[PDB]
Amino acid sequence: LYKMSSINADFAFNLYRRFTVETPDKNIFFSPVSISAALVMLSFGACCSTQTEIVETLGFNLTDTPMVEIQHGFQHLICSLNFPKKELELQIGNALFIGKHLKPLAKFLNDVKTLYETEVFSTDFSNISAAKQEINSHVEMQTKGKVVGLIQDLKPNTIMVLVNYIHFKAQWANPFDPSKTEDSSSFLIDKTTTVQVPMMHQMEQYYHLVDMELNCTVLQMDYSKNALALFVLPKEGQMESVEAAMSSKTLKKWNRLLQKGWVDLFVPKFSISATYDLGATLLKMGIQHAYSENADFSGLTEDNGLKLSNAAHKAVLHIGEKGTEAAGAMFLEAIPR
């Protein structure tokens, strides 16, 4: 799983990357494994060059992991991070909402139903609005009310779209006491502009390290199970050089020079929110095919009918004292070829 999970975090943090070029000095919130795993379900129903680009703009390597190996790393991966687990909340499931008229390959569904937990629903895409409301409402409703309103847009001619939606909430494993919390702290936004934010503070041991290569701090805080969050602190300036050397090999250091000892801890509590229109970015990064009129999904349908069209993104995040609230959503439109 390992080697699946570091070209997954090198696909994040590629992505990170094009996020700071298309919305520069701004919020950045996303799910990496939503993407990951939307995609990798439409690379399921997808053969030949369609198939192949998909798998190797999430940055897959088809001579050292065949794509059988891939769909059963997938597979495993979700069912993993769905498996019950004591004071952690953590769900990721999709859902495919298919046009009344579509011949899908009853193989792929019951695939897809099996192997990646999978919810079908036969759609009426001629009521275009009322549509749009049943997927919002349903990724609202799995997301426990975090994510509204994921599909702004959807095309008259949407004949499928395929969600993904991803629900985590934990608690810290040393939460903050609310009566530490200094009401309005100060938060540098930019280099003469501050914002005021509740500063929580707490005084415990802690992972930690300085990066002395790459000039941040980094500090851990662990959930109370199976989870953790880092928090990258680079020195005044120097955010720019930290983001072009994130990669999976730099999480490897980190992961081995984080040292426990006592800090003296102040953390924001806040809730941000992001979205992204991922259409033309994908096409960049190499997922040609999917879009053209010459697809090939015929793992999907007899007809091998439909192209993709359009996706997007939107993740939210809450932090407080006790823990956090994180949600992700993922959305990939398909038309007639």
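Positions refer to the first chain, counted from 1. C-alpha atoms forming the largest set that superposes within 1.5 Å between two forms make up the rigid core. First, how it differs from the form deposited in another entry.
- When the two forms are superposed on their rigid core between these two forms, the C-alpha shift of 2 Å or more among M200, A131, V218, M221 belongs solely to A131.
- Once both forms are fitted on their rigid core, the CA atom of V120 lies 2 Å or more apart between these two forms.
- Core-aligned CA deviation for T57 between these two forms: less than 2 Å.
- In a rigid-core overlay of the protein, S241 has its C-alpha displaced by under 2 Å between these two forms.
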Contents of the next structure:
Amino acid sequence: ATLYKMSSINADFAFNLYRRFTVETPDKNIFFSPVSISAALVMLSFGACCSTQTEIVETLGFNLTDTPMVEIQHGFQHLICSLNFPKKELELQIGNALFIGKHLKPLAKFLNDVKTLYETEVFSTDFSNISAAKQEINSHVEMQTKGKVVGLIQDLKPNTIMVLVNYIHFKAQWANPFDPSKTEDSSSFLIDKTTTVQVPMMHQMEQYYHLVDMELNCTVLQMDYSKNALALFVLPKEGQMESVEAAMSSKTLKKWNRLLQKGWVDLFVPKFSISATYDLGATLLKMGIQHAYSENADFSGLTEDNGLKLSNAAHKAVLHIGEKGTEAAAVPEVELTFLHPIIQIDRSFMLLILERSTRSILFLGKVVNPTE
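Form deposited in one PDB entry done, so how does the form deposited in another entry look?
The text that comes after this line covers the one chain and nothing more.
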């Protein structure tokens, strides 16, 4: 039940956070894992008390009258268990960790609870050595992501006390892989009104769920992975990116779920990779997480020691889109005449990667320029 309520709330948080990012960095690539951020902040909240705690979950979009705190905590336990369960043909792990200055001692019950509930690991770190601390954090993340997310954290100020990190590991195959013999190099991709970049353009004629949204002035194309997950490509009409961004919400996803229809599409999709790195504090504080960052932070559920507060919450997300899926691997031959409409993704678009069993947003972003 809680898992069901969480989907809409987590999606609205995703889009609200996305909009915060557009105002921090206008007209630049955006790419992050909403569900991983949500889960990490619920974990952090598990060690917080009073307003420090309620600020976090309310900023995530929850109403404590509707979903009591313990229900949220257990709903996210169930979510992580579900997403991270081993599945054939899909690797999916969301995860997080805390790095805490060595002078502060976490409560053993907290450590054991968050490992059990959320798979979280917690490390004692000497933040007086900034380069060493960054390497420790980044090595942890690189190992947890089987090497895919490298250099997640880039900046730490002196007097760092606690760092939250969150990440996602994702490996998947398209239900309908592209034939690499049809991939065209150096196709033109508009990164703004007048500027083009050259990108390889994959090409497949197949049946896809898609729609033309007359209200929001965009075309939506659904491409399934072979297990659990799917991609939505959101292609705004000329000059309509801003109106699309403003409209994205859990209500919009519900509308599209109903209106998507299947048919033949002569489809052209760029082959590319995207990444982005964030220090989330700026946005999260604006969105309402204040006490956790202050000298009055109440982390009594985390430690009996005085002086614990959040210093930084860091996140990096990366994804490849290629002929097979997420991996640069061969497409076996076995796995591959009326006039059909063309959808050509040759200009800036929004991208969602969704997980079906839990209705989580694994990745959300805007591809302004696919050639980083």
